[PDB]
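There are 2 protein chains.
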Amino acid sequence: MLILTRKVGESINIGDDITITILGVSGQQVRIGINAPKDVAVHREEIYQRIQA
Amino acid sequence: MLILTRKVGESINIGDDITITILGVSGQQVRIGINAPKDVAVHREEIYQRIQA
RNA sequence: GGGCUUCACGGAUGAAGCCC
RNA sequence: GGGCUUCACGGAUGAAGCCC
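Quick note, the sequences are listed as chains B and A, same order. Numbered per PDB author numbering, the first sequence spans residues 1 to 53. Numbered per PDB author numbering, the second sequence spans residues 1 to 53.
These are calculated hints, taken from the structure and not from any lab test. Please note: incorrect hints may appear among the correct ones.
For chains that are exact copies, the list does not tell them apart, and a pair is met inside one copy or across any two.
[Stated by the list, open to error] Only pairs whose alpha carbons sit at most 20 Å apart, straight line, appear in this in silico EDC-like list of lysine to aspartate or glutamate:
id, residue 1, residue 2
1, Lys7, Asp39
2, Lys7, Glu46
3, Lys7, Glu45
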């Protein structure tokens, strides 16, 4: 795993076409921004496992 | 972009081979954990352009 | 503008509630 | 466990400083 400590308002990248922005804190929550083309998928842990239903 | 608001300790998934956990928050910063195979790249925005120089 | 919480298979720098 | 800040091309559940 590649752990990083990104400042709010900045971003991270993956592959050559993906970006993972950090919009900021939300208390015990955090608002992240996953940016990828529709060529790939993006879901949360409590919803990916909800598909097998 | 697909914005979401996760809690600390939860996670996100991408490309069916990548997992993006939220390890926690640190004031103006956040700690994320990019889990991807070494078959693909992952770099921060402030150093993706550092490679180009 | 700030703090906390909740909703959201949602592709949008998402949404709603409480307090100052 | 909680609050603030700084250093990290680093694939590691990264690092350092101040306070309870």
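Taking the hints in turn, this is what the structure says about them:
Taking the shortest Cα distances, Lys7 and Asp39 never come within 20 Å of each other, neither inside one copy (28 Å) nor across copies (27 Å). Taking the shortest alpha-carbon separations for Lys7 and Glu46, only the inter-copy value of 11 Å comes in at or below 20 Å, while the best intra-copy value is 25 Å. Taking identical chains as interchangeable, the C-alpha atoms of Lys7 and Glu45 lie at most 20 Å apart only when they sit on different chains, with a minimum of 11 Å there against 23 Å within one chain.
In summary, the structure is inconsistent with hint 1 from the numbered list given earlier, while agreeing with all the others.
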